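Chain by chain, the residues:
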Amino acid sequence: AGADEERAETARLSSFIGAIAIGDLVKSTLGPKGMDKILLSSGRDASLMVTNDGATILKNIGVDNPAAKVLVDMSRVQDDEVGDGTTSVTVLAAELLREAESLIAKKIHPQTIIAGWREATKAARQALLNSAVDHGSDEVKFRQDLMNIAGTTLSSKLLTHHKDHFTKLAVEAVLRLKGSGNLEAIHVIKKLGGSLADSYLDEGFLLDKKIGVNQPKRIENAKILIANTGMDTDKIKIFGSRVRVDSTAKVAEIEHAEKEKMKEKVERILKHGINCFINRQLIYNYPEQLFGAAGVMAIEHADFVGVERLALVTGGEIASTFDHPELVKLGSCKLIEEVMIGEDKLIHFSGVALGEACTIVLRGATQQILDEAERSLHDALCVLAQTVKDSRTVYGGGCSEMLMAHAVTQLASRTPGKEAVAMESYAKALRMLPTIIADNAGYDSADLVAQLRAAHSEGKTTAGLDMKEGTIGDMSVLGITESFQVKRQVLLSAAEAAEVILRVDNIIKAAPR
Amino acid sequence: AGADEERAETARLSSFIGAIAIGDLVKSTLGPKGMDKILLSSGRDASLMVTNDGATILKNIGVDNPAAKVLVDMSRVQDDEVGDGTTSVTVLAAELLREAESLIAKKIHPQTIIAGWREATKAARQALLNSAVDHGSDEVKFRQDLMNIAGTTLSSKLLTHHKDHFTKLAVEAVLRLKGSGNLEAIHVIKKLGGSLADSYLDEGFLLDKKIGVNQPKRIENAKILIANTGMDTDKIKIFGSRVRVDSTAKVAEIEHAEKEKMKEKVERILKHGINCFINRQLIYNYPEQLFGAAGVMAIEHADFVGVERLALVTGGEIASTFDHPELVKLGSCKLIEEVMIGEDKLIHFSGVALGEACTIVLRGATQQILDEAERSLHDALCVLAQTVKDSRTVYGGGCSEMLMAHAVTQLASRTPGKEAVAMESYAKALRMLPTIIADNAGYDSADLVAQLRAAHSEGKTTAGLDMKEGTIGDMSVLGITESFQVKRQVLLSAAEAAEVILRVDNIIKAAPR
Amino acid sequence: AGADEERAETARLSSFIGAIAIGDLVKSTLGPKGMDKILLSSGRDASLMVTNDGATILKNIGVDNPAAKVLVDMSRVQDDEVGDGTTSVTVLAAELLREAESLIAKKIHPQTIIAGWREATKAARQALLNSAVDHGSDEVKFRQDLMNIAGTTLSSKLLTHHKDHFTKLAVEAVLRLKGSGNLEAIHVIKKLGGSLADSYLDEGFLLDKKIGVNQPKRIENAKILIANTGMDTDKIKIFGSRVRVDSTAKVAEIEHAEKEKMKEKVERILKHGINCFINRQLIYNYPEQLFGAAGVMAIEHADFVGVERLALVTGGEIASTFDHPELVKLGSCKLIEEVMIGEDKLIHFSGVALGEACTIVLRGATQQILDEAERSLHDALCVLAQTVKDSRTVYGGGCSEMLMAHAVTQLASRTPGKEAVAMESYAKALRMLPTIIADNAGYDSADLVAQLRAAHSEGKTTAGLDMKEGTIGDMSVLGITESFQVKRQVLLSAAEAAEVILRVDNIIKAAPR
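Protein chains in written order, with PDB author numbering: chain K, 1 to 513; chain D, 1 to 513; chain J, 1 to 513.
No wet-lab data here; the hints were simulated from the structure. Where hints are given, some of them may not hold.
Identical chains share a label here; the pair holds if one copy fits it or two copies do between them.
Claimed, not checked - Once the Cα atoms are required to be at most 30 Å apart in a straight line, the calculated DSBU-like pairs of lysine-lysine come out as:
1) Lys259 <-> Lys209
2) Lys334 <-> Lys190
3) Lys345 <-> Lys33
4) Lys168 <-> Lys122
5) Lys487 <-> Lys259
6) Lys217 <-> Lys178
7) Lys141 <-> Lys389
8) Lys418 <-> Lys468
9) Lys418 <-> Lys250
10) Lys106 <-> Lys460
11) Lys418 <-> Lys460
12) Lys418 <-> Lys141
13) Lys106 <-> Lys59
14) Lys107 <-> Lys209
15) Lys237 <-> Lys259
16) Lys487 <-> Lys122
17) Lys191 <-> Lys460
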């Protein structure tokens with residue numbers, strides 16, 4: 001009724017099962033005709049979170065007892081190195097487990113076979129030199145700014161009609177970013193409005209919060225205040241306890257003390273000419289009445305992540321206790337206002353003196369699938385930063401993968417004894433990628449594999465898998481390219497996570513009913 | 001239609017389970033290091049009989065519901081006109097069923113994969129033409145007549161402690177048989193009465209019948225008479241009983257006439273010199289008295305199979321009515337006599353002018369184990385005969401199989417569409433065979449599998465698995481060669497037998513009659 | 001009723017089963033080709049733990065009803081004295097139980113046999129120096145410093161791919177360590193930055209903290225201050241009374257008092273020229289503003305363990321209240337600076353006058369698998385300190401083990417009576433160790449045993465088992481060696497464990513449910 005009970009060879013199967021379950025969900029995602037899945041959970045989860053990107057969803061949740069979470073964690077380091085485009089690295093590791101059925105048939109030492117991963121070490125190198133043509137991306141780049149790799153990341157995604165334009169916008173963002181800054185202070189949010197452009201570029205920062213129903217609608221020549229400590233006051237670290245006293249006047253004094261906090265906030269707020277107050281946490285009610293009459297707009301529970309970027313942008317400030325206003329606070333001033341984007345209320349910070357950090361605001365159809373824009377968008381910013389830095393790329397659509405696969409078949413026969421079995425199993429691992437790209441396309445996977453191998457074997461590097469075509473075609477015309485870095489790291493990365501899987505095999509549970 | 005309804009999965013599976021059960025028992029059976037197996041059962045049993053030959057035991061027993069019995073039955077047709085040597089035909093068909101679990105992962109159309117079988121046949125011939133297949137067997141051949149393939153057949157067999165000598169004798173029989181065409185006239189009977197040699201070779205045919213206690217014991221310059229019709233005269237095919245005559249004048253017509261059948265037989269017999277009479281059926285008492293006085297030895301209800309084999313040997317005749325003597329009859333005239341070999345009196349036919357066929361005539365230490373030799377004898381008979389008809393042979397010890405395996409791996413890369421997928425799986429399967437030959441040796445499979453592969457790759461078709469060596473060596477020095485027919489039929493048969501169950505539509509009842 | 005009550009012959013068997021189950025898991029953890037295992041448990045466990053070291057996992061959990069937990073507990077006392085090496089003591093004790101089946105056959109008195117153990121001490125003595133040690137270990141040394149025993153300690157460990165290189169590094173650490181006082185002046189930390197080398201050796205102590213963003217980055221002619229008390233001032237644990245404030249006006253008197261703490265710290269600080277301040281606990285903010293203007297770099301919440309190490313290194317200091325500066329404090333004069341390491345911020349202390357203590361920094365990819373490296377360093381530091389001081393070692397790879405067995409077999413036969421039966425069995429047990437080392441290698445154990453014996457018999461102490469080779473070779477070229485302490489202690493410790501199980505007829509427990 002529950003049984004379980006796994007030993008030695010069946011123990012191995014638990015490693016096997018984890019790989020097959022993950023592969024089916026992720027396979028649909030890779031390629032232009034991608035698929036969207038929604039996940040719901042309760043208990044510290046609100047509802048219906050859907051992620052197209054395989055890396056974000058696996059990383060967030062550790063659903064069950066079988067081991068697989070450690071493999072998932074590793075993908076993020078890859079993400080940091082370069083990461084994305086389409087999520088293909090996890091699938092490659094999963095298929096490597098299928099050969100292990102063969103290993104029981106081999107019936108000698110499975111660890112000797114482990115030499116195959118070491119063998120894979122220069123297999124990676126073989127693909128590091130012979131693959132694609134397309135290098136540098138000089139600087140700023142007129143035409144070559146995009147209409148390339150960001151588009152390929154998008155090609156897998158289904159929003160690529162209007163969206164390819166959005167992608168084009170993202171490289172403009174990286175050009176300003178470019179410098180000794182590295183990769184910081186860029187935030188982009190979607191909006192429920194409908195426009196052909198579906199996106200806008202903001203010179204400053206965008207936030208979605210309001211002081212309350214009352215307060216002036218707009219502020220000019222605004223001063224910005226950011227406070228680490230909340231407006232709420234009464235419970236310090238040690239209470240001073242709960243006490244009685246004994247007079248008909250003393251209980252009144254504590255209420256009076258509250259007024260003093262109110263007094264400091266208004267009198268010095270006015271000297272500064274403060275137009276907006278932003279605090280990352282809860283805000284005490286008393287000051288709120290004060291802000292409305294004064295003509296000062298404040299934000300309750302503003303997110304910290306938005307605040308830190310904003311600080312670099314406005315010159316920053318020293319966020320301490322109420323002494324915080326005046327000189328210790330740097331306030332840039334152009335326009336802070338709630339702007340009618342089209343459908344909803346937003347607050348715009350703009351005209352930043354620094355210029356180092358800028359914000360992009362997206363507009364879309366609406367309903368969690370517009371979150372798709374965040375999904376594509378997250379991928380867009382990161383890909384570009386290394387495309388310029390790496391100074392080289394390889395052909396996409398699996399063109400790179402089939403070529404290496406043809407080369408590795410030769411290698412297995414060449415290695416003596418034990419090694420040839422191990423090396424050849426690694427070699428067909430490359431074969432599934434063409435199959436995965438074709439499968440989500442809906443075209444028949446079996447036919448696709450055979451036709452593909454003949455074109456790569458012939459000697460044309462440009463030729464690859466064309467999903468729209470339903471056969472093979474010229475990758476370069478499409479503009480699909482993969483970062484050279486994604487290929488170097490993935491080959492090194494797949495082996496180490498997969499290797500962990502063979503070395504485990506034993507999971508222990510005790511007894512019946 | 002009969003019943004037993006199945007379609008996709010949990011249909012495919014029943015065939016899958018039947019194949020796995022057969023493979024483990026037959027596995028230890030193959031080559032030099034084979035083993036004898038004993039089974040315990042009730043019914044017309046009550047004892048354990050050891051059958052080394054897989055085909056003999058399978059025909060005898062039909063233990064359970066799943067259907068593998070029909071697959072089993074087929075091996076016998078092969079056995080009668082080629083068959084044996086080592087049991088691999090059943091194992092080769094069984095191993096391809098395993099890929100089906102891999103196939104569910106492929107998840108499309110089993111039949112699309114099936115296109116591989118036509119190619120497997122086209123490729124198999126391509127592979128058959130792509131192998132060295134030895135170069136020797138000059139014709140007759142002074143030493144490599146045997147000590148090669150028959151020895152391997154006997155090797156699995158228990159009797160090989162002294163029987164390997166018996167195997168050597170069998171090739172002598174085939175060389176004389178060789179000539180334009182037919183297999184016929186090979187039959188052997190074992191005799192109780194041990195000798196170190198364990199066999200005596202008769203130049204003619206061995207039979208076990210006698211005319212009666214009376215008659216000349218030995219006949220010289222013998223003429224042989226064969227009759228389709230028996231010597232019994234009175235009844236056409238209606239008994240009419242012995243009866244009583246319905247008049248004094250009608251008794252005379254039948255009984256006097258009976259004397260005439262006697263008289264016709266005597267006058268024709270004396271002129272010919274007829275020393276022996278062989279008739280396929282019942283024989284009348286009246287002639288029997290005459291044969292003793294005449295000096296002619298006759299055989300009652302002689303078996304037809306012995307007679308037909310005998311006809312090539314004696315030149316044959318047209319077996320009509322009693323007119324049959326003289327020119328219409330052709331009888332060889334060297335030596336016919338009844339010889340007591342040592343127990344179970346036998347009759348020896350000797351002196352075949354044609355030379356085309358002989359009876360061998362085995363004998364031994366007198367054990368039921370001795371009758372085991374009768375079973376292993378059969379294996380020697382058809383593998384060798386094919387060798388004379390084909391004028392072709394292949395290198396043994398898996399030399400042919402490893403070479404073919406290396407050649408086939410590159411072939412899959414060469415092909416497109418249907419061809420690429422089906423062909424590589426086929427190529428991979430050849431790899432397991434080297435492993436089984438090495439494993440039964442007792443040496444470690446791992447060291448053996450590619451050390452072997454390197455040798456074949458170089459181009460030495462002679463080099464192969466040397467079981468006695470424990471590693472790899474020169475097969476040609478060993479002299480082991482396999483006939484061309486055993487290799488073409490096994491490969492063609494394996495693919496289709498496998499194919500029929502997957503495609504399967506019914507295969508319903510166990511019912512004969 | 002049911003139950004599981006055991007007496008005499010039956011009671012012995014439960015002890016027997018526990019020993020066999022443990023040996024199979026531990027056998028794979030011996031020599032260069034050892035395997036890592038991971039265990040998952042629930043009820044009072046966090047996440048899966050992988051323990052290469054047999055001792056750590058066995059101590060942590062008592063999984064089931066059979067008795068073996070107590071046998072396990074003893075190995076830890078050994079670990080303190082010398083410990084680790086490679087786990088093998090448990091294996092040797094377990095195999096001694098197999099001879100017990102033989103013992104029933106002996107059928108006299110099981111404790112009579114205990115005499116053989118006394119002989120075992122004599123036999124152990126015979127092989128404690130007769131073949132003749134290792135040579136050199138002069139102190140400091142060149143080539144023989146590593147690629148020896150540390151490699152062997154790590155041999156059992158999977159991490160030994162990149163890791164064996166780490167092991168090589170450790171002897172360099174012991175060379176500085178050797179001197180007037182054991183282990184306690186060495187600090188090791190792992191990093192989140194990946195590199196193939198995976199480690200660096202620092203001339204001084206390594207820390208990972210910064211004052212904040214301000215203050216000078218680099219200091220010269222540096223002076224170091226360490227405090228056992230925080231810079232925090234106010235409450236103490238008796239407030240100086242419970243006092244209320246009418247409004248935040250009179251508490252200002254208290255604020256002025258705070259400034260006194262500020263000035264005392266600066267006055268003492270400037271005269272010294274104070275380059276860097278390190279405090280083990282929380283730090284008060286007022287001081288911090290002061291340090292930046294002065295040009296002094298301070299460290300907040302630096303760990304105490306690091307500080308103790310630093311004191312021996314810098315001549316030390318007496319840590320007390322703010323009278324701490326000047327003469328009670330001693331500071332090293334070379335170089336303190338913050339140097340970027342990988343993806344983390346680190347501060348390097350260097351140029352220590354003492355020279356006695358140094359620090360090694362490890363990096364690695366970024367996974368809890370990586371945290372494996374710290375598990376290994378601790379076993380690395382202890383073994384080496386012992387290896388130089390004991391000035392005696394024996395050849396590894398089982399070289400010593402076969403050799404002792406050859407000498408002991410003769411001893412049994414030479415002795416005339418009762419003593420000989422007991423003594424011979426002990427000699428037999430040594431045979432399994434060569435077999436166990438070979439079995440985890442994936443090579444045939446039987447072939448390995450005889451080939452091994454022939455090389456040892458010759459008289460070459462340098463010869464031994466090479467798993468990578470698959471046969472026998474020169475251990476010395478590899479450099480693998482075992483420390484002297486493990487061999488003397490194993491021989492006497494093993495005898496005590498075997499003796500207790502044989503002697504106990506009656507346990508009396510229960511508990512299954």
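How the hints compare with the structure:
Taking the closest pair of Cα atoms, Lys259 and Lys209 come within 30 Å of each other only inside a single copy of the chain (26 Å); across copies the shortest separation is 41 Å, beyond that limit. For the identical chains of this complex, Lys334 and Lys190 are intra-copy neighbours only, at 24 Å inside a copy versus 48 Å across copies, given an alpha-carbon limit of 30 Å. For a Cα distance limit of 30 Å, the shortest separation of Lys345 from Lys33 qualifies neither inside one copy, at 35 Å, nor across copies, at 44 Å. Taking identical chains as interchangeable, the C-alpha atoms of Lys168 and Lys122 lie at most 30 Å apart only when they sit on different chains, with a minimum of 25 Å there against 36 Å within one chain.
In this homomeric assembly, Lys487 and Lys259 never come within 30 Å of each other (Cα to Cα): the closest approach is 61 Å inside a single copy and 60 Å across copies. In this homomeric assembly, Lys217 and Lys178 come within 30 Å of each other (Cα to Cα) only across copies, at 26 Å, whereas the closest approach inside a single copy is 34 Å. In this assembly of identical chains, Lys141 and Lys389 lie within 30 Å of each other by CA distance solely inside one copy; the values are 13 Å within and 47 Å between copies. When the C-alpha separation of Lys418 and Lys468 is checked against a cutoff of 30 Å, the pair qualifies only between copies, where the shortest distance is 13 Å, while the shortest distance within a copy is 42 Å.
Taking the shortest alpha-carbon separations for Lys418 and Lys250, neither the intra-copy value of 85 Å nor the inter-copy value of 85 Å comes in at or below 30 Å. Only between protomers do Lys106 and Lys460 lie at most 30 Å apart by alpha-carbon distance; the minimum there is 25 Å, versus 36 Å within a single protomer. For a Cα distance limit of 30 Å, the shortest separation of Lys418 from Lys460 across copies, 21 Å, qualifies, whereas the shortest one inside one copy, 32 Å, does not. For a Cα distance limit of 30 Å, the shortest separation of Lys418 from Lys141 qualifies neither inside one copy, at 46 Å, nor across copies, at 39 Å.
In this assembly of identical chains, the alpha carbons of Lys106 and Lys59 lie at most 30 Å apart only when taken from different copies (28 Å versus 35 Å within one copy). Taking the shortest Cα distances, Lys107 and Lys209 never come within 30 Å of each other, neither inside one copy (65 Å) nor across copies (51 Å). Taking the closest pair of Cα atoms, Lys237 and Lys259 come within 30 Å of each other both inside a single copy (20 Å) and across two copies (22 Å). Within a single copy, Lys487 and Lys122 get their C-alpha atoms as close as 13 Å, which meets the 30 Å cut-off; across copies the closest is 39 Å, which misses it.
For a Cα distance limit of 30 Å, the shortest separation of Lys191 from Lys460 qualifies neither inside one copy, at 44 Å, nor across copies, at 44 Å.
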